[PDB]
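Left out: one protein chain. Kept in place: all the others.
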Amino acid sequence: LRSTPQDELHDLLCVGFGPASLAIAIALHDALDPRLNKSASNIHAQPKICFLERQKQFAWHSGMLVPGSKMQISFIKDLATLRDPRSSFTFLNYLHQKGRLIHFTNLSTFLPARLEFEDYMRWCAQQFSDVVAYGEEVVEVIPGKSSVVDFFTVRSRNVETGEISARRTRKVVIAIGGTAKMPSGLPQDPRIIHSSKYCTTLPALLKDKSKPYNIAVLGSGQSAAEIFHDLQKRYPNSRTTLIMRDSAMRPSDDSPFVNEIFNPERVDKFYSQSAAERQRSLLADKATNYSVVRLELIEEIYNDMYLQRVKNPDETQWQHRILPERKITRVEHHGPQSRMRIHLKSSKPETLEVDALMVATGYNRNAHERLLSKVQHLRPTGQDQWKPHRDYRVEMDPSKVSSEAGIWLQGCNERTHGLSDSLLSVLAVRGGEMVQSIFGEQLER
Amino acid sequence: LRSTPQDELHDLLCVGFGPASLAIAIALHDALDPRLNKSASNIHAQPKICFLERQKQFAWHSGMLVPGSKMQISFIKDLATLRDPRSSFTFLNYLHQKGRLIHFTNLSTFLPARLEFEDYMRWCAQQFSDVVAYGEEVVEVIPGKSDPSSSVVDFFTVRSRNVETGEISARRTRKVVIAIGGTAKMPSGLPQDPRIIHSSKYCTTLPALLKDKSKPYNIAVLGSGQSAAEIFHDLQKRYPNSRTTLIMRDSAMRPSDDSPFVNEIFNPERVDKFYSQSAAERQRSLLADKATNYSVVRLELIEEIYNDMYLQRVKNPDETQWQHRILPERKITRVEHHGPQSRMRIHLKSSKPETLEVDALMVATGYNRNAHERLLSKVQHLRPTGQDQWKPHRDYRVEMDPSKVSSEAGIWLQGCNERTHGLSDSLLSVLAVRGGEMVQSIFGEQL
Amino acid sequence: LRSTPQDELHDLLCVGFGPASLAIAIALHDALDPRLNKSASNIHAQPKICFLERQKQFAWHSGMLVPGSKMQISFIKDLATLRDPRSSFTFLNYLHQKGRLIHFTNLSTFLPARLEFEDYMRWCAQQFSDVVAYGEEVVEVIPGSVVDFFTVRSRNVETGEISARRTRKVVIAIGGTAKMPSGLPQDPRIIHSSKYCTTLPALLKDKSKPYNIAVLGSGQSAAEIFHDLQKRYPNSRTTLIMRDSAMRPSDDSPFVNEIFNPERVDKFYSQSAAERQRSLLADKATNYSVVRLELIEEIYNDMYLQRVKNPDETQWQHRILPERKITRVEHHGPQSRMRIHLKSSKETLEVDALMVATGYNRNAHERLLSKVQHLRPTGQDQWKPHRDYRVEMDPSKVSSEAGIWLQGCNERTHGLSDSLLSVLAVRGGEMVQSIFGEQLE
Partner (left out) sequence: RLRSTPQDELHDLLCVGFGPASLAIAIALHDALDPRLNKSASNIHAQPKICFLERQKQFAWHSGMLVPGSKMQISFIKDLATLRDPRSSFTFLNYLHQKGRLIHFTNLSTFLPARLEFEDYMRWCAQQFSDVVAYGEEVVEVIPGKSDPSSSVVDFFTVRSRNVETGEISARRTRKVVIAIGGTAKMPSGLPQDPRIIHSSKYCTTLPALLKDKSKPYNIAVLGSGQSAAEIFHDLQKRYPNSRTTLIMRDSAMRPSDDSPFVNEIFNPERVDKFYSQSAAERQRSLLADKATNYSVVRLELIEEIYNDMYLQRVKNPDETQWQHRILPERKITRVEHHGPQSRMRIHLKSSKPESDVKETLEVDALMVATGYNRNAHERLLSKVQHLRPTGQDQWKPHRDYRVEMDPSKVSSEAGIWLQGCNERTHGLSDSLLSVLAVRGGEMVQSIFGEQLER
């Protein structure tokens, strides 16, 4: 894909260059490839596209690239295969380019290491370096008129200098993932670290791996369990405590009929349901969110707990402990003492002294609201929320916005499009749909 | 255990001889063995006990002994081991007696075939044949007074119907156990028809209705738990030319949770914790702890069913033309079954707040566990003032008015106490330990 | 690929259209696709290729398409992916074309049903229908002092007529022929595993009759037939006769299975004759001479259930007899059953049929090539393939523009993967380069 000059009026600008935007770039590449679409042989003009990414290079959840962590999803659900297995951007073709395809085949697994899947996506992203501006953190999207709004100005701050630059585009995609969700009761402190900063921030805080640190973990989903488990290996003499509101870690549902909710063609079914039915369906399938844990990991943690029981029958004396049905009422963290004191109570309708508290409570996916505040008056009268259509384009007042201008949301549409919306599950197929939604008419010539 | 003359006054009578009562028989045998508890060499009188069972011989859910069906619970949770691995009634000792222990070890499984686990319990039950009266269906329990002008009940008379002749018999006992499992729960909208069969009568009744294994029958299955899936899977083999249809309210068959922390709710020692919780917490825990007992399907069976549907997809991409189909998120609104036509018409709608014509409808909708209320109606006036339900204590004895019932008489409930004692109550999970508790509760002082 | 007239001089004729020839066809198609290799936009001439296959349509071991039978190899080792995942002939693209890709993904398996993998190869094969003559059984290859082409004669299986085609280069890719123990007699009741699904139901028509059926062997095919008979003829009495003491599991462990990697062919081929011979023994625990662990366990479980019902093994409906050999079969006379005599391999059975699951010989190319074996270098009594599978010829008797290639029968020189699906995709690429490379430049 060839670059567009910074000051030209773009056809599409995408905010963020994680897997969701990367899937759009790949699908646009594939749509322009005469090998993949026969009609693309007669397309001599590439749309003017640009991506703004805050990081200095492509990276995927590097704070949680914990040792031995695996993908939670089959590699067939990579960024291209479910749309076109012939794509050059498939995981298997990436392995072939690295000389690793037979070696991966002998693993007999559908679940690559997360480190490996990140490298796969890094390898894909490098092929889009002419249209990705790294180190650009978008701060706002502003209306533009050339009395109907027909373009948008996207302002971004360069991470190295702090300077604000502006780009004009007819269409915008917001694909910025999630922001760390912290319980409101917790204070800010270098010893309280969210799961998104585990690998990147915790080793600097606790530098001596042999010290008997007391480390608490708040949560009961996949990241909490991974952090609890990894800490016991990384700090072999530590005392770790898992604080959970629930009565037990719960396994993710890997059964085949249930997992059909992640099928790409199921987005059509989910979207067509009423709000009441969508709301309840998202709970009747709670057992496959990031609120649950891979069975294998639950079993490994249980086995580790059992071995403590063999050595000592008194669970309160264990080096590593799980405290179910608890909530944090208070954190004391002021003073020269290097440990904080955490006060715990039952979560139905006790104090720890810790060197650190890892908080694995997931993410908010509302950061697009701040970015879009200066265009929210273009929504239909009476709307206080952005409403995405089936093709992820947000509803606009047609008398205020030209039909050739628009804004799409990616990754924050679980309520309308289903649990798969924030995952890798449907990115390949969705990237293709996005190309048809945004560029279809333009590509028709 | 030696028999008591049928017309004598018993110390204990148990209604039903399924796993729950058998575990009591086993636990009492073990309590009387001076080798297993030393404090028993000085017992020179065995309690007078008898069990009444309506089936003609011991059998465990024989209507659902589907070929290849497996236990859903580890064999370690047999009828003795969790109470005493030394008991002669453990599953591993049964295998040793049959000459099969090394061969089972090489299976490397915790889940025996249901056929084998039934035979294990059959092997246990034969050792009590002198104290089990088969072919007797208890119909009522009535008050008994040694002195008729006394104001206090000191025994109960248990009346039973001979299943072969219909004669009513009576036995007297100081104490009564009701361990009668469940009765078929049928959706209230369904009509009565010999072509509508509950899952509990699958193996025994459906082959009599559909005699031609080669006819292309249309057979529907209602439900989405373990029994529905087993019947759905088995029908495709037993009637190879049939067209089977699985009708479920839910959107998908859901797997049983086999993960280790969740399943601790089935631990025997959790019964104390659960029982002592408030009504509000117990009611909430029963919803949040785990999906209902047989309301979900063993993962392995789901995958086998899924693979079979995939193979249909390989042969024909059009799901509507498949021989075997799943119709999720449906409810039955009407069944037409009148006229000389031998197929019924089932009317379907979405299950959120279509027609099949079938030769048979298997209904895999579980059980009610309230039949003790009918059996005990003639003694329910002995409950404390104002009670309209039987209320069991921790040791499963129901509350009685102490001024109306002698303290040497009582009634215990087994298997119907999920509300007060937890999800494990109706399962095999805690029978070994519970049988031990029941022996202490019922015979402890006497022993 | 466009068809070339039958009587023209072909560039290549391949004998057989099984997976091995199909992978060559696929690789040739891919070599001509400018979309896959850029150096192909300036290739304006397709080579003249033709395939002769004796079956009437594409079919893959249909005598062993037993219900529930599964692939023994990961689907990634299909006919293209290991050579080029972008190919339109991958198993995943096939599933996508069938509208089944997400549905297979939810199976969470690398091992498709054999029925499905056959349909994948059938779907591939249909794209070459213009260059494949089905129902043609090749009977001889004849030279044509410089032999500079070959004439391949084939017998039409339906009419019996013999037809001939001329080509400069020949590939022999005919798999294996049924290996029958030399002591067994010929009798319609003695059937090799390769004709199980095809022939036994013709012999034993009543699925409910209490037939006595023996199975001879202990490998994957023996176990599949033994297991299947118990479902296909539910009242039968089956007996598994094996020389070994037990069914042995196939080794699925990752280090051992690296001998099947495509890049191992270079290493194996370059080893001395002595090392190749020993290497084939010291890793032969994976030759269809062993059984998928899952199947062993299912069979053992079935035997266990018989033990639950009757502790006396001699009374079981279905039995395994280890460490046995057949010493004599009586099959002369009107009695519908044969009597099999057994002895220790360190007792008589009366059977309606005997299935023989003893594998295959891979020497049938010698008979086909006898009329050109004088073109070998002096003193050679065996066909000797180079690394690129082309057989050695005397250069003063054979033009360098003519040659003969062997496929699937070269285990001794190229390794255990040679007769499997394991390296077909990569080998197809090598074969296209060996036979057509200069022509493509």
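As written, the chains take the letters A, B and C, and residue 1 is the first residue of each chain.
The rule is short, and it goes like this: a contact is a pair of C-beta atoms (placed from the backbone, for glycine too) under 8 Å apart; a residue touches a chain by one contact, two chains touch by 3 or more.
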If I consider the whole complex, including the chain that's not displayed, which of C:181, C:183, C:185 or C:254 touches that chain? C:254
Touch criterion as defined above, residue of B:10, B:70 or B:77 at the omitted chain: B:77
Based on the whole complex, identify which of B:56, B:86 or B:374 touches the chain you can't see. B:86
Contact residue for the chain not shown (choose from A:209, A:370 or A:390): A:209
Quickly run down the residues of chain C that touch the omitted chain. 245-249, 251-256, 258, 272, 274-275, 279, 282-283, 285, 293, 296-297, 300, 320, 346
Could you list which residues of chain A touch the chain missing from the display? 98-100, 103-104, 106-109, 113, 115-116, 119, 209-210, 233, 236, 302-303, 306-307, 309-310, 313
Please give every residue of chain B in contact with the chain that is not shown. 33, 35-36, 74, 76-77, 81-82, 84-88, 90, 92-93, 95-96, 101-102, 105-108, 110, 258, 260, 263-264, 267-269
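Heads up, the rule we're going with is that only the chains that are shown with their structure count from here on.
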Would you kindly tell me how far, in whole Å, the mean C-alpha position of chain C lies from that of chain B? 53
With chain centres defined as C-alpha means, what is the inter-centre distance between chain A and chain B in Å? 47
Would you pick out the residues of chain B that each touch at least 2 other chains? 306
